Amino acid sequence: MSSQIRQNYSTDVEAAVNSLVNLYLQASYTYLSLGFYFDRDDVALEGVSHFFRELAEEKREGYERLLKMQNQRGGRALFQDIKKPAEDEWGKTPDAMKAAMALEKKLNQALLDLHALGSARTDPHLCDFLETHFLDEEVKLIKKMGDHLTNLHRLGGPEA
Amino acid sequence: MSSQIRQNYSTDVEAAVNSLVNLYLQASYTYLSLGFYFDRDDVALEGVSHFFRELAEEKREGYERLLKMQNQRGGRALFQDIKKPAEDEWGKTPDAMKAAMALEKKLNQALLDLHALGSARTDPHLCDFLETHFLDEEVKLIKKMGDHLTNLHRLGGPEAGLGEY
Amino acid sequence: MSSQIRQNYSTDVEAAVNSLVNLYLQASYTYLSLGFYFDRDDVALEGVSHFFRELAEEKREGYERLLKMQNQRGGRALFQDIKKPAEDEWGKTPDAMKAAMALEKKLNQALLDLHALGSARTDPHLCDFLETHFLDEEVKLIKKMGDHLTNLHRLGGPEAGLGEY
Amino acid sequence: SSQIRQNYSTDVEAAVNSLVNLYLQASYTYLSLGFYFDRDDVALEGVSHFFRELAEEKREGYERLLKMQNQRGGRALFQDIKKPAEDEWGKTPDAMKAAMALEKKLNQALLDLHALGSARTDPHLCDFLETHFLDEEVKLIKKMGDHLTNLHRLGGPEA
Amino acid sequence: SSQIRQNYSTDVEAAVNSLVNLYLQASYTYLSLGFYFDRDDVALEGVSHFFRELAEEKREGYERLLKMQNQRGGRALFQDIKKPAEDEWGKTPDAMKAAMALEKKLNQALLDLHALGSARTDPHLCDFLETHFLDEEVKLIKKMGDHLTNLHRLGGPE
Amino acid sequence: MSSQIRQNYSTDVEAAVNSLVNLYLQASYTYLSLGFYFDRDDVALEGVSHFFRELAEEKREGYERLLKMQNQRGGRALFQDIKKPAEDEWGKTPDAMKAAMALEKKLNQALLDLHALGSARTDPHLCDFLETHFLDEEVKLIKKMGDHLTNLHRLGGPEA
Ligand SMILES: [Ca+2]
Ligand SMILES: [Ca+2]
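Going down the list, the sequences are from chains AH, AO, AN, AG, AT and AX.
Numbering-wise (PDB author numbering), the first sequence opens with residue 1 and increments by one.
Numbering-wise (PDB author numbering), the second sequence opens with residue 1 and increments by one.
Numbering-wise (PDB author numbering), the third sequence opens with residue 1 and increments by one.
Numbering-wise (PDB author numbering), the fourth sequence opens with residue 2 and increments by one.
Numbering-wise (PDB author numbering), the fifth sequence opens with residue 2 and increments by one.
Numbering-wise (PDB author numbering), the sixth sequence opens with residue 1 and increments by one.
Quick caveat, the hints were computed from the structure, so don't treat them as lab data.
A hint or two may mislead.
[Claimed, not checked] Cβ pair distances, simulated, as ranges:
(1) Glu89/AT to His50/AH: 34 to 40 angstroms
(2) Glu89/AN to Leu45/AG: 26 to 32 angstroms
(3) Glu89/AX to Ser119/AG: 35 to 41 angstroms
(4) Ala116/AO to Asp12/AH: 29 to 35 angstroms
[Said to hold, decoys possible] When the alpha-carbon atoms are kept at most 30 angstroms apart in a straight line, the in silico DSSO-like pairs for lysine-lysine are as follows:
(5) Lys140/AX to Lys68/AX
(6) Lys84/AX to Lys84/AT
(7) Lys98/AT to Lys83/AX
(8) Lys92/AO to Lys106/AN
(9) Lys84/AN to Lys105/AG
(10) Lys92/AX to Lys92/AT
(11) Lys144/AT to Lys98/AT
(12) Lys92/AN to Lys68/AG
(13) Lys84/AG to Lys140/AG
(14) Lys105/AO to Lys83/AH
(15) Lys84/AG to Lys106/AN
(16) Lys83/AN to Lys105/AG
(17) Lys92/AX to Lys106/AX
(18) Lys106/AN to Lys140/AO
(19) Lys83/AN to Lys106/AG
[Stated by the list, open to error] Computed footprint of chain AG on chain AT; a stretch qualifies when at least three of its residues, placed anywhere within it, have a C-beta under 8 angstroms from a C-beta of chain AG:
(20) 23–29
(21) 37–51
Cβ atoms here follow ideal geometry from the backbone N, Cα and C, with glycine treated the same way.
So here's chain AH without its partners, still in its complex pose:
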C-alpha cells in the first residue's frame, strides 16, 4: 500500500509535522510530570496541579490533531522515542511557570518555523491549519502564562 491522495504535500512538511508531533508528545509528558509534582503531599498545590494537568491534555489534543491532518494530506505517521522531562522536581510555582512558559515559546517557535516551511513549499492548506488551530491558541496561552508570572512575582512584597 501507498498513499493515493497525496497532493501538494511535500515530504519536507510531512517530516517536520512528524517532528512537531514528537515535540508535543514531549511537552505533554513534561506537563504530566509538573502536574503530579504539585500533587505531592510535600507540595500540595492542587490548583497548580490541575492547571498543568489541563495543559497536558491540551498538548495531547495538539499532537492528535496533527496526526489526523497528516493522514488527511496523505502523509505517514512516524514515531520516535519520547524524551523524559528536563527535571524530576520543579521547585516553587514561579519556577515551574517559567519552565512552562519556555516550553510553550519553544513549541510556538516550532509552529512558526513549520508555517514558514509551508510558505516556501506554497502549501496554503498547511498554513491555514496552523493559523486556525495553533497559532492563536499559543499566543493566548503564552499571554496567560505571562499574566500568572507577573501575579506570582507580585505575591511576595507589599502588593500581596
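Fit chains AO, AN, AG, AT and AX with the ligands to the given chain AH structure using the hints.
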C-alpha cells in the same frame, strides 16, 4: 529523606510502580500509532482505528491512576524515556489484534509481578489497588481481544457469518 | 395416602409429570452447556450463546410451571439425578442447532405422550394445561430452529446473502 | 491450551468446575425445598418464596463461575447433578437447618478454592471470590442464623 | 460457640474488639479537637468542622467493625474509653500533626489486623479491611499531609 | 486568663456540665452495646436493636448540644475516661428495657440537679437551655419506655 505520610511502602514497590508507569506510557504510545495507522487512506478501517484509540486512552487512565496512588503513598514519581512502538506499520487487522493481545499479556504479567512483590513486602493496600482497578480490567480485555481474533480468523472461509442474533 | 385437594389426578399422570420434570431439567442443563460453549474465546459467538442461554431459562420456566401444577393437583414432586449433557463440546453452529432441534423433538414427543396419557385417564385439566402452555410453544420453537438450520446451511456457498429486506 | 490463558492453573480450573457442580446441586436442593413448602399440606408461601429466591441465587452463582472460567481460558466440564438429600423436609426449623448446613459446605468450598488460588499465586481468582462470593455467604449464613433463632423462639410464650 | 461461626479465629475476634476500642478512642479525640476549635478564644469554624467530621467517620468505622463482628459470629467486649491525650490542642499545625499521628497509629493497627488475617487465613476479614479501611486511611493521611504542608506554608512568603 | 465572653456563668455550672457530658457519653456507650447485643445471631431482634441504636444517637446529640452550649457561655470542655457499660450481655428484652429505663431516670436526675444548681447560681440561661432541650425530652422518653415495659410483660399470658 523519607516523607511525612509514608507508611508500609517499600522502596522496592515504589520503584516497581515507577516501572509499571513507564510500561503503560509505552503501551499507550503503541495504541496511538496503531490507531492512526488504521486511519490511513490505504487502510481506512475506522472501527478498528476507534478501538485502538480507546485503548490508548484506557492506558492513559491506568498510568494516571498509578501515579495518583504513587503520591497517595508518599512515594515519588520518576520518569524515563518512552520507547517508540515496535512497528511503524501494523499489517492487517489480525496482525494488529495479535500485537495488542501480546502487549496486554505483557502488562497483565507485569501486574501479577507487582502484586507478587506486594505480597512479599506485605503491602495489602497495593494488592487491593491492583485487584480492584487492574487485574479484572486486563482479564476482561484479553478475553475481548481473544474473542476478536477468533472472529477475525473466521472471516477467511465458510463461517463468514459472525454475531448472529 | 393421599392429599386433601386431590381430585381426578391419577398416579400415572402424577408419576409422568415428575418424569417430565426430570426431562426438562435435563434439557435446561444441556442448554446451559451449549450457552457457555459458544462463549469460549476460541468459539466466540455471543448471539448463539445468548440464544441457548435464553432457551435454558425457557426450560427452567417449564419445569417450574410443571411443579407448580403438581402441587395444585395434590401430587408430590420426586426429584432424580440430572444427567449431564450428552457432549462437552458441540462443534459448529449447525451441529449445535441440530442437537438443539433433536432435543426439542424429544421433549415435544414426551409432551404428546403425557397428553395421550391424560386423555386415557380422562383428565381434562392435564390436557388443557399442556395445550395452553407447552404444546404450541414447542412447535413454534421447532419451526424457529428449522428456519435457523436452513439459513445456516445456506451460509455455505453462493446464497450467502440472508435476511434481505 | 487457550490463547487467552495466563496464570490460570489446571488445578484451579478443575476446582472451579467442581465448585460449579456444587452450586448446581445447591440450586437443585433449594428448588426441592421451594416446592416442598408450596404443598397444600405444608402451605407456607413465605418459606417457599425464600427458598426459590435462593435457588435463583445459586443459579446466578454457577453462572458467574462459568463466565469466569471462560474469561480465563478454562473450559467448563459438567457432571451429573445428584438429587437433593430429602424428598420431604419436615418443619421450617429442620429445613432452615439443612439450608444453613448447605451454605456452610458451600462457604467452605469457597474458602478452599481461595486457599488453592493463593497457593498458586492467582490474585485474579482470589479477588473474584472475595468480590462476589465470600461476603455474600457470610451475610446469608448470618441471615439464616437469625431465622433459626427466631423460629426456635416461636416455641413457648416468647412469640 | 456461635451457630454461624466459620473460619473466625478467637485471636481475630479479640483483635477486632481491641480495634473497636481504638476507634472509639480516636473518635473521642476528634470530638475533643472539634470543640476545642469552636472555643471563642480559638474560633476556626473550618478546622472545628473538619475534626467534627473525622469524629463521625471513626464512629462509622467502629460501628462497621461491630456490625462485622456479629456477622462472623464473634462477640463484642467493650473496655473503658481512654480520654484524649490533651485538653488543649494548641495551634492548627499542632492539632493536625496530632490527627496525623492518630491516623498512622490507626492505620498500623489495621495493617497488623490484616497481617493476622493472612496468617489465620481469613480471606473474608482481609477483604473487609481492604474494602472499607486500608484505602480510606491512606486517603485521609494524604489529605492531612497536604494540609500540614499548606499550614506550614501560610507562614512566610508563600 | 478568663473567656472574653463569659458572663454570669459559674465555674460550678461549668464543671457540672462537663460531668453531664461524660454522663451522656457513658449513656451513649451503654446504648451502643445494648444495640449490638440484640444484633447477635443468637438474640436476633432487629426492631429492638434499632431502638437502642437510635437512643445511642439521641444521647450523642445530647452531649453534643451541651458541649456546644459550654463554648457559647465561655466555659471550657474537659473530658475524662468513659466507663464501659455495666454488662456485656443484656439478657431478654424486658431486662434490657428496665436497665435502659434506669439509665434514663439516672440522667433525668442529673438533669434536675443541674437545673437546681442553675437556680442556685441564678443562671436563667442554663435553666432555659435545660427546660427547652432536655427536660421534656426525658419525660417523654421515660413514658415511652414505661409503655414498652407494660406491653412486654403483658406478652406472656391471656393478653399476648
Ligand atoms: Ca486564514
Ligand atoms: Ca480485594
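* Asked: Does the structure break any of the earlier hints, and which numbers would those be?
  -> 2, 4, 8, 10, 18, 20 and 21
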